[PDB]
Each structure stands twice: as C-alpha cells, then as structure tokens.
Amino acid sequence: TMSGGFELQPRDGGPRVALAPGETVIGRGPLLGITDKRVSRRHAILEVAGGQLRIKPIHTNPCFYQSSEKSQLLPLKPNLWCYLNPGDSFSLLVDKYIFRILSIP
C-alpha cells in the first residue's frame, strides 16, 4: 500500500518499517521480522488515520508504551487504543521488540 507517513524504528537497531494508511496487524511474522513464541501473530493493531498513529493491544500478552519525554515502558490497558506521537516508543515484550515512532512524508 501507500506511505502512511509513519515509520517504526527498532530501538535495538536495524531497518525502519514503513506503515500504510489504515489498520495493520502486528506481532510475529515477516513485517517486523519477529519469530518468537512469546509474541502472537495477532499481538496488536496499529492504525494510521488523520495524521495520527494509534495502537490497540489485542492479545493476552501485553503491549508497552513509553512517552517520548519519559524513561519507562509501561504496560498498556488491553483492547483499548493509545495514540503514539512521533518520538514515543511501544514494544511487544517488556524489554524486546521496542520501536520508536518517526513521522515521514
């Protein structure tokens, strides 16, 4: 699909992953390059719409969020959306598969 204006930057280093407009299911699989029994194939939904990115955790294993100014990944309340502003981070495990949000054209 087309550019959605956001990219995910792995905090451990490596290629950025571009997001398209609309909903993208994330978890294990080729999109993020994750092969790991600890991460569901249906771990979270990212949605790009109206110039914003939000995440909804959809599995029993949580997602985590760190606002750009803060220092700690916090587990998100399940099955509710959280906006991810550019510079914020989220992760699929508490200390692994962490991504910073970047805004692009």
Contents of the next structure:
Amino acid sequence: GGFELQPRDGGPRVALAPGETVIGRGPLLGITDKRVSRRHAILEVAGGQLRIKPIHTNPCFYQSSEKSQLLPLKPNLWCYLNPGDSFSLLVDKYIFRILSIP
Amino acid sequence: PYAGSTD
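Which structure goes with the form solved in complex with its partner chain, now that we have seen the form deposited without its partner chain?
First the chain shown before, then all remaining chains and molecules of the complex.
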C-alpha cells in the first residue's frame, strides 16, 4: 500500500516513495517559507503504513480524521498517519491530507 | 529558492 499527500488548499498531489523521505523546505513539497526547516520531519512508508517523526525544534502538527484541531506532535517521536488524517509544518499553513493508493 | 538558514 502506498500514499499520496493532498495539500488542504487543493494543489497538486505529492507522491511518496517507499522508505524514509525528509520533508520540509524543499522541492518535494515546494515549500520556500524560511520558517520551515529544510530538515523539518521524516516520513516513512513501510508495510502499508505511513508515520512521521518531527526532527526540528520548529514543530509539526497532527489532525486525526475524526477531530478538527491541528495538535502539536512531540519531538523526535513517531506518529502514524492514517488515510484521511492531516499534518502540517506550520500551525496554519502547509497542511497535507493523507490519501491511500491500492 | 530552497537554500538559506531557517528562521
């Protein structure tokens, strides 16, 4: 099972490869905002699942599919992202919804 | 456009 990221604003989908992908300020997500680290978080696709680990002092945020609040993630800990969940690299910007691929 | 130090 694979995954894509759907920006909450409706922009193009972001394909994720198996394994670990460093995300943040860079070409993959297109983020240029200096408040976002070039090494902001790790995404891991493995065994049909996706998890994220923040690796910067500037935080990441997580919104379960059933809730309606972007909550801050604890640093350097893994959090699984289910299809329909969202995460963000700023409190109110660069938000991405998780989509599953067959 | 992705270089430079983080705030």
